[PDB]
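Visitor: Here's the letter readout for the chains.
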Amino acid sequence: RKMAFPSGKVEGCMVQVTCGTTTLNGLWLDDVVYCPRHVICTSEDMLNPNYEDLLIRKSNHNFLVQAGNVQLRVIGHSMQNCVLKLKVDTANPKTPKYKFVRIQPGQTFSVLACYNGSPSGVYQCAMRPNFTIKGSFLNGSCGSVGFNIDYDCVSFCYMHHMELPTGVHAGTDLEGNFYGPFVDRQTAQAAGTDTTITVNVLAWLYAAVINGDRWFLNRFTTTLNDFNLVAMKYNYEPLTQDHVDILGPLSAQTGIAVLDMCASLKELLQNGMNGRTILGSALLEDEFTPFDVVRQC
Amino acid sequence: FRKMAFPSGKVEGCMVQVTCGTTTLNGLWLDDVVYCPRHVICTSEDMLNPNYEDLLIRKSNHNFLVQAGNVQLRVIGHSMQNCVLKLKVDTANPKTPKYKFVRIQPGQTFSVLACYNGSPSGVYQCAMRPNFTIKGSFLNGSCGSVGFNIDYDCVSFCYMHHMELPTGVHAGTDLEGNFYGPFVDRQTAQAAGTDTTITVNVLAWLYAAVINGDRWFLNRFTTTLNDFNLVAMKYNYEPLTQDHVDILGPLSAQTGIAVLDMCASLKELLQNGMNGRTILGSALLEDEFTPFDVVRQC
Ligand SMILES: *[C@H](O)[C@H](C[C@@H]1CCNC1=O)NC(=O)[C@H](CC(C)C)NC(=O)OC1CC2(CCN(C(=O)OC(C)(C)C)CC2)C1
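First to last, the sequence lines map onto chains A and B.
Numbered by the authors' numbering, the letters in the first sequence go through residues 4 to 300 in order.
Numbered by the authors' numbering, the letters in the second sequence go through residues 3 to 300 in order.
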């Protein structure tokens, strides 16, 4: 089961940011609201926005920030990469303990999808190897954030900016740097070739075993390098030794050597699933990390 | 299409732990009442075939430890309603949302906030199967975790977790303590009915496919509801109810495809199969998205 982190600590930070006829979401932490800088653009502006130029021509009072029914007065503004930072005259008493992190491709996070500053849904995503995310984001979702929670600490890793023509999504870290080769401009952008997150597929196969499901297992084995030759042929990421290490706990728990599960996955890549399904899926799933699997088994 | 859960914060603000002796589970604190599974009053050997009424007569208010985090909530009354305990406490929860208690129908989906020792671990979307089980992620200590939907700002609580079945699926009650399906809160081996496919949700999925321009499977014909139901059961599909036809109304209006015409298309898919084709990029028909879910994501 794909499980998201409880979203309450993040819900308490979501606000609405408006500039002109453009409205999206902001993240209110202490006395600063973070949001995508393209809020300052109009229709025309978005095709090729000179953001430093557009920003210098804005005043604080052109930014309407609403926390529910309350307006928050903007007393200062600055831009860090693709994120706008609006200083407000009120501190958010619901600010959690937090940090800003930049996540690695293959890592997972929860997304709190919001519209008009109001939380609407929560779901689990992975940072794809090509630095897209297979999100569910509609008009007005920009400024929705992604996060992980460790203890009481929220690690914010993603802020939402755009959708690509293939229907996947792109955004930045909370420092405003995009994941991937994308730009916050209204143009058709393609991503690099995506690949499948191999260490996560292996984790999920282990999960299917832990769940008493093992039709895909076999007696064969493989070396790491020979597995990786086949993996790359099928646009799977190569498996590193640290990935093998990371899979130990699941390996121990099932008594199945990592490289034995690699030999099972190799057979699936070459033969297909021949109708059969694994944990309900006709497709090999690659958006559970080993941690995700462990913490839920 | 993703399994998307509701934001969990309004429910997180209601979770507590309830302990009797060394047995700890979760409870739901709304206004000045805490709701939890009655089997908190059981020891190990009580769970085999508990006499709940005789177990409760021995208990007093001061035997219940209710905690929000580490802070004790004093219990000032107790009673049993079906399979839930209602513990009256001396503090009204200041985080109580607007809420309702609803009893859902099979096929309906809801979010579960999986909790341990009163602390949330994760949130996910569940569907009530036609055999009144859910495929959860519930570990020891998860009992009392709740399922819910959020409409406007109103939380509709529909599920409270009580047990696991020998096949690994899960069973529980509504917030009035009435089990979904033919299960009892005893630690005995109980079997669920053979499960079936949630027809109304498949139809919702086919409407979703049409909304996104994937409509090769629409045929020129229609059917009666009875004829469809008799065929559907031969494929281990749930028969449709009138309420099912009704909740497909909005998607039928959005697409202009009458419900019974879509039923005719599905019947053809069942009888002829997919013939190598895909719908929304899958050869499998999805049955855990409700008509409401589809609309929320389109
Ligand atoms: C901010 O809320 C918004 C979020 C977008 C809106 C729709 N889904 C989203 O994630 N972001 C923006 O509007 C971007 C602003 C720029 C200044 C960066 N622009 C875009 O995201 O580009 C448009 C979305 C787009 C529309 C058409 N098309 C499409 O229909 O795709 C399929 C897969 C549905 C056919 C591609 C995506 C271009």
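Heads up, a few of these hints could be off.
Claimed, not checked - Derived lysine-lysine pairs resembling DSSO-like cross-links, with alpha carbons at most 30 Å apart: (1) B:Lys-269 - A:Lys-97; (2) A:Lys-102 - A:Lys-88; (3) B:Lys-97 - A:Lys-5.
Keep in mind that the hints were calculated from the coordinates and are not lab data.
Visitor: Starting from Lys-97 (chain B), check that the Cα of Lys-5 (chain A) is at most 30 Å away, please.
Guide: Holds. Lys-97 (chain B) to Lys-5 (chain A) sits at ~28 Å (cutoff 30 Å).
Visitor: Need the status of pair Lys-269 (chain B), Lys-97 (chain A): alpha-carbon distance at most 30 Å?
Guide: violated, 52 Å
Visitor: Does the structure keep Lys-102 (chain A) and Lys-88 (chain A) at a Cα separation of 30 Å or less?
Guide: holds, 16 Å
In summary, the structure is inconsistent with hint 1 from the numbered list given earlier, while agreeing with all the others.
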